[PDB]
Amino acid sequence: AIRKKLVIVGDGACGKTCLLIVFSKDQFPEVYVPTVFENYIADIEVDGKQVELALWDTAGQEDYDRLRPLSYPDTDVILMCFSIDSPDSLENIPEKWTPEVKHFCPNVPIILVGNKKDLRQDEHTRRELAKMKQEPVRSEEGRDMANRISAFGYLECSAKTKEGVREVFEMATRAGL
């Protein structure tokens, strides 16, 4: 089996931990969500290769932010997340996440991930964003950002419905390889 280190980053509450959990446990967490997922190695088969993915969760609330840069050494692939229900989180991709990741992880491939895709057509989300003269992130905007930061790929998923979750890790593995 091939061994790869994956680091997930992006704005607070954009769904990083839930994404890791749904991929690892095949269940969206109702009941409890930790700030960061437990130390975990996932198994995935991609293109007839067995690979082990160390899943490094990160966060931003006070202490985890200082811990975050210490997590970048020897990363093989980055999941760089924003939430489709948060245009703000998308704008933070070129302003915060890409400068940080490019600094600590030169040459490391990035999968730009649009989380919470289930909220794109959500009435409540649309009404809330409408008061800001905003709307959920369009897939074309996701793609354009991926192009702009020279991501390896752009993917959308919903940890909540599981839609697209497996492909995120499959693409990340292919990049990591």
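Positions refer to the first chain, counted from 1. Only residues modelled in both forms are compared. Here, rigid core means the biggest group of C-alpha atoms that superpose within 1.5 Å across both forms. What changes on going to the form deposited in another entry:
Comparing C-alpha positions between these two forms after a rigid core fit, one residue in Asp26, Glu140, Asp63, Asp43 moves 2 angstroms or more. It is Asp63. Look at the core-aligned forms between these two forms and you find a single run of 3 or more residues with C-alpha shifts of 2 angstroms or more, at 60 to 67.
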Contents of the next structure:
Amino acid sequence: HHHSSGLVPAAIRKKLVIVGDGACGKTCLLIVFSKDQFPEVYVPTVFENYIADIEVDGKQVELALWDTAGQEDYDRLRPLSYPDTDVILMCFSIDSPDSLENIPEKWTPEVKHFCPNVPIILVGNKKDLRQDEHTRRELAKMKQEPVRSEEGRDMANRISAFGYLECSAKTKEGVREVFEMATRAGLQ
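With the form deposited in one PDB entry in hand, show me what the form deposited in another entry looks like.
So it's only the chain below, everything else dropped.
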């Protein structure tokens, strides 16, 4: 199922799990949040084990960041990461409308199966690529275009996400806000 354009008109301890299609930017997102530095050379498939400290709404939170591999090859073992999750970051890439279509097709059924009633933040990654010339040209040859914010929002509504946010690990735009939202969701 490929995306069709234009159809949308004391410290508290919490476990966060990030999921989404391969290469949609999960690990870079965790790294930029944790280390404040975009990895421009080497990126591990999954980020090192990591507990981040974050203050949100006057509450001090420790966020364990559980990275997962997006590729189908890892489907059998990925559910090992789901028990006792407090919040899910469910990602797609704005430069890949097909990764958005995998939200309802793959990720939402998987997460809702293993993490029933755990809040989901839908996250559009790689926001910097929305108007990027190479991205537009590459997607145009497939009759597609970068994900529009309204398409992300519609999808977040469709899957009953706690919220929808866009970010760019590369530019840092909106990264802090993603994790602040996840923290708010994990707290309530």
